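Below, each chain spelled out in residue letters.
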Amino acid sequence: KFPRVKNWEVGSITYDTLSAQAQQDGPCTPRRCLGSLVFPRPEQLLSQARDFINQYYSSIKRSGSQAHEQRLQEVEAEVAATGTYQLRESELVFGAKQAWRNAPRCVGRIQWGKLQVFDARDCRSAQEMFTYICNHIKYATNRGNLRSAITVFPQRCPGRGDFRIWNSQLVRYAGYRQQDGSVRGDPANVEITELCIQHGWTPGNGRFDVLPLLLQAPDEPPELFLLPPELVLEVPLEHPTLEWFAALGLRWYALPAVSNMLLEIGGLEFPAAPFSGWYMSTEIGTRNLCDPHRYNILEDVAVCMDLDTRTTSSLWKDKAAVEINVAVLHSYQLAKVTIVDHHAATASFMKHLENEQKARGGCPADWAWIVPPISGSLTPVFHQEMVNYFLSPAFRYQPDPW
Amino acid sequence: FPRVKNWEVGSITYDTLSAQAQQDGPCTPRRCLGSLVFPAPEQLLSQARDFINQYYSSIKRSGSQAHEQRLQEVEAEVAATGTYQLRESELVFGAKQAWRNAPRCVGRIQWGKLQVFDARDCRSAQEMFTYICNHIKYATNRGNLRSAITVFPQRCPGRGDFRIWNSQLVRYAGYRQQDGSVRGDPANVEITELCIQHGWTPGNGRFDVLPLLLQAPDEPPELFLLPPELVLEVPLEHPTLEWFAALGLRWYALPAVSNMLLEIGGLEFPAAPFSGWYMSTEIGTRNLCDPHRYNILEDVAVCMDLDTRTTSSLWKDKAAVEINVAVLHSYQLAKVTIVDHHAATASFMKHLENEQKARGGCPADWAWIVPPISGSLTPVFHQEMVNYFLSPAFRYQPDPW
Ligand code: HEM
Ligand code: HEM
Ligand SMILES: CNCc1cc(C#N)cc(-c2cc(C)cc(N)n2)c1
Ligand SMILES: CNCc1cc(C#N)cc(-c2cc(C)cc(N)n2)c1
Ligand SMILES: C[C@H](O)[C@H](O)[C@H]1CNc2nc(N)[nH]c(=O)c2N1
Ligand SMILES: C[C@H](O)[C@H](O)[C@H]1CNc2nc(N)[nH]c(=O)c2N1
Ligand SMILES: [Cl-]
Ligand SMILES: [Cl-]
Ligand SMILES: [Gd]
Ligand SMILES: [Gd]
Ligand SMILES: [Gd]
Ligand SMILES: [Zn+2]
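Chains as they are written, first to last, in full-length UniProt numbering: chain A, 67 to 107, 120 to 480; chain B, 68 to 106, 119 to 480.
The shape of chain A in the complex, shown without the other chains:
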């Protein structure tokens, strides 16, 4: 009943006893595994609140002692009198760190203890959001010395609309169709780009136009917000030795800040809780720039490198991709913007796994997402067996607000 977990590079073996605590059923059954699917599809609130409060108090070595029981009664009374409860500041903080710590697909969780939590739970109106989001971005960006941060907007309440950020991230590039359907800019954001335009935004022409924000106060159709350009830190992409690479005109932004995910703590739901860290270079260099449905630049870079693109066995794709990742790391470091390569990132994650084995008896890890999209087996996580499961508190995906 305790999954045996082997590391095949070293031969070491552990048991994931933490998996025994998994709440939300995953997508897999004895009959079929659905682990590669990206998205795999009233007093229930007190059981989740009780569980979260007990978590909080064990983590401060204060289980079964005065303040713990007292806090147990106050949430009991709060839900009894109001049908919900409010998180203590320290709990909201602790829950944010735990949701991050529990994110199975996050390779950066060695950082999970260092998280700046901005409490925007007294927020009201999209204008207020924009200043919170702008405080977050400026704090997180910090002139390129990136700092992990989350801003927690008001929780979900019955019978009243949600706070929602319509953009999937706080910084996204536009995607413009043509007299031929095809896209100039980021093809991933064709939808939100067409929403921003349909809500008043004057579209640009370029391949790297920072989209405006669509911020949704409860029961209000959204409002457009132009992000201050001096607040959107971008990195022009150059290559250390390929002088023509800069002339390709590629850029990427500094701050990866996911703004479409729902933070769930102790049964409470925060559909607006944008979190940010810093990039792993393969996210930009491999996925964003080289995915065929993203900027799809692989062949252009290979033409410029004079690679033989006529045969797949020249591994021209592999070479061009590696140089793109080199350009990303070089450019971010030259711009003094925090970035981590997939080798450092995965080695730190192995350290995270070892810590968590000792601290909690295991670690929910989603192999397909932890292993980087290039050089998978050159990283140690490739050879590490992993167990994937849902712990609470958590970041969950949620439907598009339209």
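Watch out, some of these pointers could steer you wrong.
[Claimed, not checked] What the simulated footprint calls covered on chain A by chain B, stretch by stretch (three residues with Cβ under 8 angstroms from a Cβ of chain B suffice, anywhere in the stretch; the number is not a length):
#1 88–98
#2 186–194
#3 358–371
#4 388–395
#5 411–421
These aren't lab readings, by the way, just hints derived from the structure by calculation. We treat Cβ as the ideally placed atom computed from N, Cα and C, and that holds for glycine.
Take the given structure of chain A and dock chain B with the ligands to it, following the hints.
Chain B with the ligands in isolation, oriented as in the chain A frame:
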């Protein structure tokens, strides 16, 4: 029915084939164990019955006289003997289905083109060896490799199993060294010591081909040396890094898995070696660059003048790419069949599309299908996959020692 998305294209299918998943895998709704490497006549009858139904559907004779004849024949043979024998055509179909059903095999576009050698009359370890040598000779085909399987007698009550103790027909020895290191392939230290313990006179090279340890029923394993001219090998050189040849690296032409169990209609063939041809990343990335295998990555990178003192130079990625280039180039030079990971994953995408039409799905183990370098540069990365167990099947089995 699971919904399955391709993210490169946007297309969506439903894996209705998974609903027929026979045996159960390791995952539950509580926890996914997809990443783990190694997760009674009545039930023999139902397995047999289902395989016979599969066979008669393949020959467009489902529900016919011959079909029921075979069902009744097998039921009465199981009643009288506890087991039954496959007809030759059923064995051929069952071996191909087992390949077709192998979720971690990216080469399955080829599944219909499989040469089946019926060695079920095999009598001894000496005859087993001859069959194996003929398999290797046929499959290698002077470098124009041909997919093949040799099926040795099935498990049956009252006699031990035929077993090949080697995990592949061609493996390089791994010698634990004077100072705890391994000379050769560290994956093969165990089988190497077994060969020595069974009378083999070791070498001391890094690429010494292992003898075969062949087990006839209720027999100790018997040592058989492969004639060197049967084992086609490829010296490894790089088209533009002339020092690469001086590494003295080699690999063999024929990937021939010999330790897996073939299961057809409830019958078990513990010895049924099968062989195809390599995908270059198995050699270039895993066998040569895994830290626990030949572990040549840093040595190559140092020779390439890469800056190995910092991970962000991507020296590892650069050196691995050139090792893979060297593998492809060397096998092409030698005129030994090889497929690179771009061509293999593109042909696997066609396999999934063919299988969606033919069967309504395809068991695929994403983490094994996605190559170990350049994952998201291949189309399979962006393909969601459903992993499940269909029979006939190749199964792992315990080592016989
Ligand atoms: C500090 C540096 C960080 C790095 C290098 C990092 C890296 C990554 C990467 C590469 C992914 C894969 C996403 C994809 O490829 O689409 C990911 C996912 C994710 N990360 Fe992190 N991240 C960091 C910080 C954070 C923070 C601060 C949070 C929240 C407080 C967080 C929570 C998540 C979540 C929710 C996901 C989605 C996958 C899941 O829900 O399991 N990460 N991260
Ligand atoms: C014809 C060219 C072939 C190619 C290019 C190919 C490719 C591969 C690769 C790359 C793997 C993963 C191995 C690893 O990383 O350890 C694999 C596994 C496997 N292949 Fe194939 N293969 C071929 C032929 C065959 C044949 C002829 C058979 C059997 C009749 C077969 C059955 C299997 C099996 C059983 C596995 C183990 C995975 C599982 O049990 O699901 N393959 N193959
Ligand atoms: C890979 N680019 C899209 C992306 C998707 C998701 C998710 N879910 C998460 C990230 C992300 C988030 C954070 C905090 C850091 C990071 N390096 N990536 C980035
Ligand atoms: C990748 N090196 C080890 C290896 C393990 C297993 C298994 N199971 C299978 C293969 C293999 C087998 C066949 C027939 C072809 C091929 N390219 N690889 C190779
Ligand atoms: C189909 C497949 O599961 C999907 O493309 C996944 C695979 N692994 C991933 N890993 C990361 N880090 N990010 C991703 O978007 C994905 N996508
Ligand atoms: C632990 C991890 O599952 C393991 O290293 C797997 C991952 N995917 C693989 N994929 C292939 N094709 N071959 C392998 O050996 C492995 N190893
Ligand atoms: Cl991103
Ligand atoms: Cl191999
Ligand atoms: Gd030029
Ligand atoms: Gd040269
Ligand atoms: Gd040397
Ligand atoms: Zn699973």
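Quick rundown of the hints versus the structure:
Closer than 8 angstroms: that is the beta-carbon criterion, and the stretch 88–98 of chain A has 9 residues meeting it against chain B, so the requirement of 3 holds. Using a Cβ-Cβ cut-off of 8 angstroms, 0 residues of the stretch 186–194 of chain A lie near chain B, which falls short of the minimum of three, so the contact claim is violated. Beta-carbon proximity to chain B at under 8 angstroms applies to 7 residues in the stretch 358–371 of chain A; the threshold of 3 is reached and the given coverage holds. Note: the stretch 388–395 of chain A has 5 residues with beta-carbon separation from chain B under 8 angstroms; the three-residue rule is met and the coverage holds.
Here the stretch 411–421 of chain A counts 3 residues with a CB under 8 angstroms from a CB of chain B, which clears the bar of 3, and the coverage holds.
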